[PDB]
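There are 2 protein chains.
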Amino acid sequence: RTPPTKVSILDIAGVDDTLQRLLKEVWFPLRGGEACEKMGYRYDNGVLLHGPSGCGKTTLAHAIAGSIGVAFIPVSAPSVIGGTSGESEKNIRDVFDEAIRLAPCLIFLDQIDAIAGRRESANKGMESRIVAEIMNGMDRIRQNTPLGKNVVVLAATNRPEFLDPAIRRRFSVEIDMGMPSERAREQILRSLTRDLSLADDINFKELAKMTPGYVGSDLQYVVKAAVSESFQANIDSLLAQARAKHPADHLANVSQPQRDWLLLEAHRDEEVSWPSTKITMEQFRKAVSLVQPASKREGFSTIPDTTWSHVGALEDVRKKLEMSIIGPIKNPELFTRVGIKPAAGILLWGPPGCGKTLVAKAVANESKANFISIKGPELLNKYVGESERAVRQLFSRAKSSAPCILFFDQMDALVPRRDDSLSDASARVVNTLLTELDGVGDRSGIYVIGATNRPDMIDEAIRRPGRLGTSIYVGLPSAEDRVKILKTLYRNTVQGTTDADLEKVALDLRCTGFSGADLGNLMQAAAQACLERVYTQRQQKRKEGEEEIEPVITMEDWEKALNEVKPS
Amino acid sequence: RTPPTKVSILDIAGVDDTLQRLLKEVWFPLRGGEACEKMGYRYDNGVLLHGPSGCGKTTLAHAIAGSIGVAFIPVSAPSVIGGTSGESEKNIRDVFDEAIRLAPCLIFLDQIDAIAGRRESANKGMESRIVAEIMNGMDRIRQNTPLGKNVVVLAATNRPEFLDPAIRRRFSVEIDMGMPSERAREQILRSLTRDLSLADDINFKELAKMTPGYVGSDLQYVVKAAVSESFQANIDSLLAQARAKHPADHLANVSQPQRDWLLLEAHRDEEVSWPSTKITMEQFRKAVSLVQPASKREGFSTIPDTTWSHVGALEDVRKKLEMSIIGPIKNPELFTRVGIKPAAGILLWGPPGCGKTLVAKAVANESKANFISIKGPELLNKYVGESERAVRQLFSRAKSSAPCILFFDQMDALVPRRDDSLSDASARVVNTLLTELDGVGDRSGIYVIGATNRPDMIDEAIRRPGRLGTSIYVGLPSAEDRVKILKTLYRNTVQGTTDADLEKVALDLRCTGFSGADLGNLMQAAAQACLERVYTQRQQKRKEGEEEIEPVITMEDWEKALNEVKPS
Ligand SMILES: Nc1ncnc2c1ncn2[C@@H]1O[C@H](COP(=O)(O)OP(=O)(O)OP(=O)(O)O)[C@@H](O)[C@H]1O
Ligand SMILES: Nc1ncnc2c1ncn2[C@@H]1O[C@H](COP(=O)(O)OP(=O)(O)OP(=O)(O)O)[C@@H](O)[C@H]1O
Ligand SMILES: Nc1ncnc2c1ncn2[C@@H]1O[C@H](COP(=O)(O)OP(=O)(O)OP(=O)(O)O)[C@@H](O)[C@H]1O
Numbered sequence: 193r194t195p196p197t198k199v200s201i202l203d204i205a206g207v208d209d210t211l212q213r214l215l216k217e218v219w220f221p222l223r224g225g226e227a228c229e230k231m232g233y234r235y236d237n238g239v240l241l242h243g244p245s246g247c248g249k250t251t252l253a254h255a256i257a258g259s260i261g262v263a264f265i266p267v268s269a270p271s272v273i274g275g276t277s278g279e280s281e282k283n284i285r286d287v288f289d290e291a292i293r294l295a296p297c298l299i300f301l302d303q304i305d306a307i308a309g310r311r312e313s314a315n316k317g318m319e320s321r322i323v324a325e326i327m328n329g330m331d332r333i334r335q336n337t338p339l340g341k342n343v344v345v346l347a348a349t350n351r352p353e354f355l356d357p358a359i360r361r362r363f364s365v366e367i368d369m370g371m372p373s374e375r376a377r378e379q380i381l382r383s384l385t386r387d388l389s390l391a392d393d394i395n396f397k398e399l400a401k402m403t404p405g406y407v408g409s410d411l412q413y414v415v416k417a418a419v420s421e422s423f424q425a426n427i428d429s430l431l432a433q434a435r436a437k438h439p440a441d442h443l444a445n446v447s448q449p450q451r452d453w454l455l456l457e458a459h460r461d462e463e464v465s466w467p468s469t470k471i472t473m474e475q476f477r478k479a480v481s482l483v484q485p486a487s488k489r490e491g492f493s494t495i496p497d498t499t500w501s502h503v504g505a506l507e508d509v510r511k512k513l514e515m516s517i518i519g520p521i522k523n524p525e526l527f528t529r530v531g532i533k534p535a536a537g538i539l540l541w542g543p544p545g546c547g548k549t550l551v552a553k554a555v556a557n558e559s560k561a562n563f564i565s566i567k568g569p570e571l572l573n574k575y576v577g578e579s580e581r582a583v584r585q586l587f588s589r590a591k592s593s594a595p596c597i598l599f600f601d602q603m604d605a606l607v608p609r610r611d612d613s614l615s616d617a618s619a620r621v622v623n624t625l626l627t628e629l630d631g632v633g634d635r636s637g638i639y640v641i642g643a644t645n646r647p648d649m650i651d652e653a654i655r656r657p658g659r660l661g662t663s664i665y666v667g668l669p670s671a672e673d674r675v676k677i678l679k680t681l682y683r684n685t686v712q713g714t715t716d717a718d719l720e721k722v723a724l725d726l727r728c729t730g731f732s733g734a735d736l737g738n739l740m741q742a743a744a745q746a747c748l749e750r751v752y753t754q755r756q757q758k759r760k761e762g768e769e770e771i772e773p774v775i776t777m778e779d780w781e782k783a784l785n786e787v788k789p790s
Numbered sequence: 193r194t195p196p197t198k199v200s201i202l203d204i205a206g207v208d209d210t211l212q213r214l215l216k217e218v219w220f221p222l223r224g225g226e227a228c229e230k231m232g233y234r235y236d237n238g239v240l241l242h243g244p245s246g247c248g249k250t251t252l253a254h255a256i257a258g259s260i261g262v263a264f265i266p267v268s269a270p271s272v273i274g275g276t277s278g279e280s281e282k283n284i285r286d287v288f289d290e291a292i293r294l295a296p297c298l299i300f301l302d303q304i305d306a307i308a309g310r311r312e313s314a315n316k317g318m319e320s321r322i323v324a325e326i327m328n329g330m331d332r333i334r335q336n337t338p339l340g341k342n343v344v345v346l347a348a349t350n351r352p353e354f355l356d357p358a359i360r361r362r363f364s365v366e367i368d369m370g371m372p373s374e375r376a377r378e379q380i381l382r383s384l385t386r387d388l389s390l391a392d393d394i395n396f397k398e399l400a401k402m403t404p405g406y407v408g409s410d411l412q413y414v415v416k417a418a419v420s421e422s423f424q425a426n427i428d429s430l431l432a433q434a435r436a437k438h439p440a441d442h443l444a445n446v447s448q449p450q451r452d453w454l455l456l457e458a459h460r461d462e463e464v465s466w467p468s469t470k471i472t473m474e475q476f477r478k479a480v481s482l483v484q485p486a487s488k489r490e491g492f493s494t495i496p497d498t499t500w501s502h503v504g505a506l507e508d509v510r511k512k513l514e515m516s517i518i519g520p521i522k523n524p525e526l527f528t529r530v531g532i533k534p535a536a537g538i539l540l541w542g543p544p545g546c547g548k549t550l551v552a553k554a555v556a557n558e559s560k561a562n563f564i565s566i567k568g569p570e571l572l573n574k575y576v577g578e579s580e581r582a583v584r585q586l587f588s589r590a591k592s593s594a595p596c597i598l599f600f601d602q603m604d605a606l607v608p609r610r611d612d613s614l615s616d617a618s619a620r621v622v623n624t625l626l627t628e629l630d631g632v633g634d635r636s637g638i639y640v641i642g643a644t645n646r647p648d649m650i651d652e653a654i655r656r657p658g659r660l661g662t663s664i665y666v667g668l669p670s671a672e673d674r675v676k677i678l679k680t681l682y683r684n685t686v712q713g714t715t716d717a718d719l720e721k722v723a724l725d726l727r728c729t730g731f732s733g734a735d736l737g738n739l740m741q742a743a744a745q746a747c748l749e750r751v752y753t754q755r756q757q758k759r760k761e762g768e769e770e771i772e773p774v775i776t777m778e779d780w781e782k783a784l785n786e787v788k789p790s
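Sequence order for the protein chains is E and F.
Numbered per the deposited numbering, the first sequence spans residues 193 to 686, 712 to 762, 768 to 790.
Numbered per the deposited numbering, the second sequence spans residues 193 to 686, 712 to 762, 768 to 790.
Among the hints, erroneous ones may be present.
The list treats identical chains as interchangeable, and a pair is accepted whether it falls inside one copy or across any two copies.
To be verified - The calculated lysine-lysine pairs, modelled on DSSO-like cross-linking and capped at a C-alpha distance of 30 Å, are:
id, residue 1, residue 2
1, 316, 282
2, 512, 758
3, 788, 470
4, 567, 533
5, 522, 341
6, 782, 488
7, 316, 574
8, 511, 401
9, 721, 522
10, 416, 512
11, 788, 282
12, 591, 488
13, 522, 198
14, 522, 782
15, 560, 533
Keep in mind that the hints were calculated from the coordinates and are not lab data.
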């Protein structure tokens, strides 16, 4: 005999539409058994749950069993496999036999791709035989049903493509338990927090927004982490209290952790009352920093510390960018009301990497959105079929994690091979690209930014609205801007600040023919030269004559570094 | 019923940070049970302890149990396995059932890779079933918990790669019990010596200091080795005594070991009184020399006697190296104040056998930091999913014992498999490597040095600053160095040594454009020419005229060999 378990039904949320459908399909046959028998009409047999790992498939099934109050028979992937070639099949029979005999019940097949994979991919005579056993069992249920047998077979899988097309046909109902979005994460957070006394400064909405690739289990842990962090105050109190009851002078201490441990060991039968404290928003942020995501090894690319303050001038461009990208992301309400469709893509042309990197990253950071950077010819192969498949993969990855900015650096290679007939490989890639661009735009969230140092030879087809229609021209040469950049870089140091020196450096001819990346390099070069001076002087004095170290940087260091460094 | 044991908590030391973390996670749920029940918040369930064998994992667990005063349930690797196919599973259930019933308790799973290894590596139907039983038990605990059930599951393993990824996910907290310290070894030595009568000249502190990568088991053996060494005096005494009782003249001897054996055999029923002697410091040093752990594949690697005085010239390279490695280790204050992130790695490229290994050791030695050397194909295994986990392990070990220099010799194997699509295994490994490199930059202490005799096909991604960005070019063209090499090779011969000849040979133009391998070949070539002279002369004289053979080598042989041989 196998009775049901006690799991919390108030734990799962964000699955409103799907749970409703499940309820409709499962409630009538299980709960009103007498009614279905009298009518003579047939019902739903198999319910397949799919989606990514940790999506709450196992929990949903467990919850449903507990809530209805029916008998739960858990069939895990390797639980039926035995030692001898026959015991496995015998067990499958017994499972189905006992199940049909006792009703109402819920049979749950957790991780089904391990038992019933494609019969062409399995060259073993045991695996094919097991699939056959399942099929036979399914038929037996169908025949017995009009008497008073009420059993529903639930199943969970992570990938539908790995399953045998034959079993797919047998199963009738399918529920998609998809990716936890911003809204979904918010809901999950609320479910977990339900039993906790939250403070007024805590905004679960803010937490959800700044939580990219976290799953239901991860969020569960973030909540637990916050709990431990809050109870550090009580630990400090106990330490002070212990050192007063049992002093032990300085004999109990060799280090800090060991002394704390020893005091607690001495106490033993001492019971203490713990005050119920509230958690802060700061504690949650601390907890979030210490937690790890799931999709971290893929094409994620983290957003740098680049803001608008790092970009000198280009105020007109800044405003235009805000309108296009920040407008639809932050204000969807505004766009729906007026009547226009959100953006798809923009194109940047002019100076190089320095200008492009500062633009691409600044906009991306500000929106607090994801960023992916694919640079020029670092995609092409000698073979005929991986290049196109790779491009498809990039867009799929981008689609999965929205909001995201997809950045294409140096497009002068791929695009001009259309106007004149030359290569076949280049033709295929560009055509796939055009195709991918047109496809996305209705659902949005994915904004494509293209950049090139050369605007002349480009195909007009790519330029067309809906693809990369917004052509933004970028230019960097101006003195006032350079001074601002120098100040911004030298702002992040921590006495001697020296403003006059910064202005003079900017005035020089060599500085005029520079870029953002060049100025950064100049700063680093000056720092290195200064270190050389400090090292040579200090070592000479210490050995011949221990003194203090001086991290101060003067003009002589800047001048020498300036003389050597060249642009691009 | 199973009550706690009485083990000394003052025995384990050197684990300050780790013990503190363990305290935080284990103290609150076990000690203040009433408080956690009232609040309704959830806590930590599983704590996994990893690291090498004899690191004190079993002792730490035992100590923690005794110190807190909770019930200790020891579950060893083969303690739950029975005779029939069902008794094993029944026992696992009973363990979890009794454990949840009685609280507060600590369940300790010692050596878990024997019970729950990878389910793909286990083709048995019993092993997979046992893993399933553990999973089911884990879930049962989680459900029961809000009532008043307080049980923490501790576990110890020697290798994280062998564990099933499924159980890894179930366990939440992980503690790394890495490299044993100087203080810790001192303590272990004292524990073992406890029953022995040590002399006054023995300083256990000195032993511990000069014992780098030895574990608890190794130290145990060093003590045993000392015992055998002392009892050699008694052996000599018995030998002399035996040769007096039963002389047997010279009939009992053909060799030395055999005669000794024969005498003892004759005696049989002769009982002798053994005097209790004290061990010396000299005997311990002798014992230490004969002991060897080797640790891992390469394991621990002590720093050689290589300084800057062993390297001829390359003064520019020396200064650059000092800046990068010695700069951040010795002067962290300087780097934080200026504003730049510490080094992560450098690359050494040039001609075959120029002394790349020697330069690497010199830098490491000078910083008085640790050194690990992993050479080319001495990394690859037969397994697939273990390669990536092994790389992760290396970085974890390096992180634990910082400051350390991680040296990769002959990188020509791993790096070129990016520019052209080879396979999937190579792709995963290199991507994991890039990931590991990016992570280490702010935390630092671990500086990665790469060396290769071939620079052509390498991915630019690895070359980027922050990874192996600093490309240092090395060569070998100095006269003084060549003389030293010639002397070193001609040192291993055994009359006529001749120093003047060696210097002149080095001076020649043909010698200037050479390498270490070339000089070795020249020496061999000269030896061959000399043999020809000896053979022709000896045969002519013996036949026409048996005389003696002359192994002497003059300058004429060297000159002829020198004329013919060409470089590479
Ligand atoms: N949608 C969700 N809402 C609340 N909690 C969740 C959700 N999804 C997962 N969790 C938490 O994560 C845990 C894992 O859930 P579960 O094992 O059901 O996921 P899964 O999709 O079945 O994973 P797998 O299929 O790989 O076993 C649950 O115990 C739950 O605490
Ligand atoms: N860190 C340490 N401090 C003091 N003594 C130690 C330490 N580590 C080991 N020892 C000594 O060595 C013995 C072995 O310890 P223990 O069995 O806990 O190591 P282990 O890591 O659990 O080994 P394994 O996991 O292979 O069983 C202990 O009884 C102790 O006397
Ligand atoms: N197997 C060895 N490992 C390290 N040092 C060696 C070895 N054999 C000789 N040496 C030392 O190095 C000098 C010889 O240099 P060699 O031509 O072997 O180049 P190397 O870089 O030291 O060795 P390798 O090229 O094998 O790394 C000698 O002075 C000798 O003392």
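Hints, one by one, checked against the model:
no.	hint	in the structure
1	316 to 282	both (18 Å within a copy, 17 Å between copies)
2	512 to 758	between (58 Å within a copy, 21 Å between copies)
3	788 to 470	neither (58 Å within a copy, 74 Å between copies)
4	567 to 533	both (28 Å within a copy, 25 Å between copies)
5	522 to 341	neither (51 Å within a copy, 47 Å between copies)
6	782 to 488	neither (43 Å within a copy, 50 Å between copies)
7	316 to 574	both (21 Å within a copy, 24 Å between copies)
8	511 to 401	within (24 Å within a copy, 49 Å between copies)
9	721 to 522	neither (42 Å within a copy, 35 Å between copies)
10	416 to 512	neither (43 Å within a copy, 48 Å between copies)
11	788 to 282	neither (77 Å within a copy, 76 Å between copies)
12	591 to 488	both (16 Å within a copy, 21 Å between copies)
13	522 to 198	neither (42 Å within a copy, 59 Å between copies)
14	522 to 782	between (48 Å within a copy, 27 Å between copies)
15	560 to 533	both (22 Å within a copy, 24 Å between copies)
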